[PDB]
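The chain below stands alone and is given in C-alpha cells; this is the form deposited without its partner chain.
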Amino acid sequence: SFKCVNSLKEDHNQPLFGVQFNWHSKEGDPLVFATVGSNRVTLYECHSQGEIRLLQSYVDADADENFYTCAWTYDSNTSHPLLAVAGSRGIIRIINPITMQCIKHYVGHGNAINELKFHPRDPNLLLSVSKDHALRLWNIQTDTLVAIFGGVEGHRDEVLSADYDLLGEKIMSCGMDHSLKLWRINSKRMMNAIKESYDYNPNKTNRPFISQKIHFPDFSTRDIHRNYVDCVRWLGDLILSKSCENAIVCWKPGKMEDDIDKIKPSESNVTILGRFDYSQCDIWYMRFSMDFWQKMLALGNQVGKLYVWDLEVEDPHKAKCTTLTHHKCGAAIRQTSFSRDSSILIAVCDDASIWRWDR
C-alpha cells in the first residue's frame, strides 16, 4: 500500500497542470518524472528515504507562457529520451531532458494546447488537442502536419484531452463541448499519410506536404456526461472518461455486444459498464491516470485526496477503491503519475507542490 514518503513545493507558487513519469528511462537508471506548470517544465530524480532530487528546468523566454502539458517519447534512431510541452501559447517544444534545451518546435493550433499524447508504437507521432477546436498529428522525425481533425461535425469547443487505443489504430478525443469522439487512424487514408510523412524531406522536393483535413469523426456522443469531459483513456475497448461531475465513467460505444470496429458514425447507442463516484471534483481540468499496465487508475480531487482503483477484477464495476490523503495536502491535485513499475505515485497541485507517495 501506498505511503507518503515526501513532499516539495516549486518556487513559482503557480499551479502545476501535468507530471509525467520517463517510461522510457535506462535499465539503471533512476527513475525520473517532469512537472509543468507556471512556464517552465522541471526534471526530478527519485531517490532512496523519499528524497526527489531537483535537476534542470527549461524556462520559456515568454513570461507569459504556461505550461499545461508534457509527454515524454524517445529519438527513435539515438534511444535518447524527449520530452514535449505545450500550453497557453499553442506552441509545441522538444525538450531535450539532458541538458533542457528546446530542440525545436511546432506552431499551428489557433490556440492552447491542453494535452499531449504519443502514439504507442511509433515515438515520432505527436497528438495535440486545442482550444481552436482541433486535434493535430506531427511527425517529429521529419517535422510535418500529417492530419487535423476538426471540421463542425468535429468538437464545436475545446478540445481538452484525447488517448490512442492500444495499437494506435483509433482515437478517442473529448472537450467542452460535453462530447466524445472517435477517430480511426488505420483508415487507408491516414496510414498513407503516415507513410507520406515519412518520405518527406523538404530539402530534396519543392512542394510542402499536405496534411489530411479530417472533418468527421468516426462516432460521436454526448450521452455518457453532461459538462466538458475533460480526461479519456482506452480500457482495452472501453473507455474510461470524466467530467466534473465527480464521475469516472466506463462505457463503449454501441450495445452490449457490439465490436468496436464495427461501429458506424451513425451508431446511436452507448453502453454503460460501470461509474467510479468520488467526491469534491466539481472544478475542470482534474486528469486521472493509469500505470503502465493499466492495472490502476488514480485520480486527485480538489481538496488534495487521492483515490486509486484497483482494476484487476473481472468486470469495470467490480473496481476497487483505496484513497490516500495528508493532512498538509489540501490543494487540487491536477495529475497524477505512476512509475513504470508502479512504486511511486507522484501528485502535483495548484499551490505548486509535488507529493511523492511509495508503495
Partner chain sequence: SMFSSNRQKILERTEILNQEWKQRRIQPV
The other form holds:
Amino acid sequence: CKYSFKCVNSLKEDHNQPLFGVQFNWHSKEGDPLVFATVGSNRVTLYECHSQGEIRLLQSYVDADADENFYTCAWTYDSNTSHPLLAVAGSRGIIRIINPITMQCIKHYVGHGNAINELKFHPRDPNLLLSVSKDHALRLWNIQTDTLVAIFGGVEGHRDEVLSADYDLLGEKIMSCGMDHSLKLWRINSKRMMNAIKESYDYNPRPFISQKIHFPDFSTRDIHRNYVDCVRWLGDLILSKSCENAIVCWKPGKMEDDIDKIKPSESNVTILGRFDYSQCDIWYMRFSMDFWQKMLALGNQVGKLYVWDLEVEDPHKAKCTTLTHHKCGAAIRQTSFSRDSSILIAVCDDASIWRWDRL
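Any chance you could show the form deposited with its partner chain bound after that form deposited without its partner chain?
What comes next is one chain alone, with no partners or other molecules.
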C-alpha cells in the first residue's frame, strides 16, 4: 500500500448532534480552494481546507424546520452558468437544492413518502439527481426542468427501505441496495430510460409523467445475510457491505459474465474478494473511494479509520495503516477524500470533523 496520512486538525460543530454526511466538492477547478459540506441535524455546513491543517468555516445553512435531520448531501453544478450547487436530504424526505455561495435554498422536491438516505448526481449529466428512500423506491429527478424522470420500485422493486445507490463510471447504470438484503441493477442507458431523460429536458408548462420502473436488470439477495447499507461500483465490479464487518467485492453472474450481457433472470453471483475490518456491525456506516478509485476508506463505530489500496489485488495485503487519534472515539458515519486525494475528512456521532493529510 505505502499510503500514509497525518491527522492535522479536528473541530466540533456547536450543535453537538451527530454528523451523518460529508462530501468534498469535486467540481471545483484545479487550484481553487478545497471545500467540503457536512450534514447533521437541520444543518448544512461548508468548510475550506487551507494550509497547516486549517479548516476555515465558510457558511452555515439552518433548515427552518428544527425537526429535519439531514443524512446525505451531494455536489453538482448548473450546466448553463457553471455555478456550484448542493443537494441535501434526510428524515423529512424533502430534497433541498442550496446555493453554496449564498447558503440559501434555491428550490425543493417533495415526493418520497419517507426519509431520504442517499443523493447521487449522474457522473456526466449534472442535472440528474438520484434519491434513495425508506419508501422502498429510488427516484431520478431533472433539477434543471424540475421533473421527476423515473421512480424505480414496484412489482420487482425493493421490498424494504432503500439504503444506498451508486451510478457506474459513465452513468449507464445504477446499483441499489437496502433492508430487504437485496442488490438491484437498473440500467439507465436503455432506450426507454434515455428517452424519459430526453423528455424531461423538453418539458415546459398538463404535468410531466414519470416512468414507473417496476423491474430491475439484475437482483440478488445472495451476497449478504442482512441489510446492505452501502454500495458503490468498482469498475464493472461491486463493493457492498452489511453487518459482517467486511466490504465484499463481487459481480452479477458467473466469473466470465460481462456486466452488459447479463440477463434480468441471472441467478448466479461471483464473490471475488473481501475487505475485513472491525467494530462496524451497526447500521448507516458508509464507505468511500477517492476520484481515481485507488483508495478505499471506511470509519468504524469506535473512531478508527480503515484505508485500503485498491491497486493491490490481494484484499488482505491492500490494508493501509488504520488511522487513529486518541481523542477520536465516536462513530465515523462517513468520510470524504478531496478530488486530488491529498485530504481525507471524517465526520462523527459527536459532531466532530477530522482532517487527515496524505504524506
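Numbering follows the first chain given and starts at 1. C-alpha atoms forming the largest set that superposes within 1.5 Å between two forms make up the rigid core.
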>> Once the rigid core is superposed, exactly one of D315, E51, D62, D310 has its CA displaced by 2 Å or more between the two forms; which residue is that?
In response: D315
>> Would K328 count as moving between the two forms, using a Cα shift of 2 angstroms or more after superposing the core as the test?
In response: no
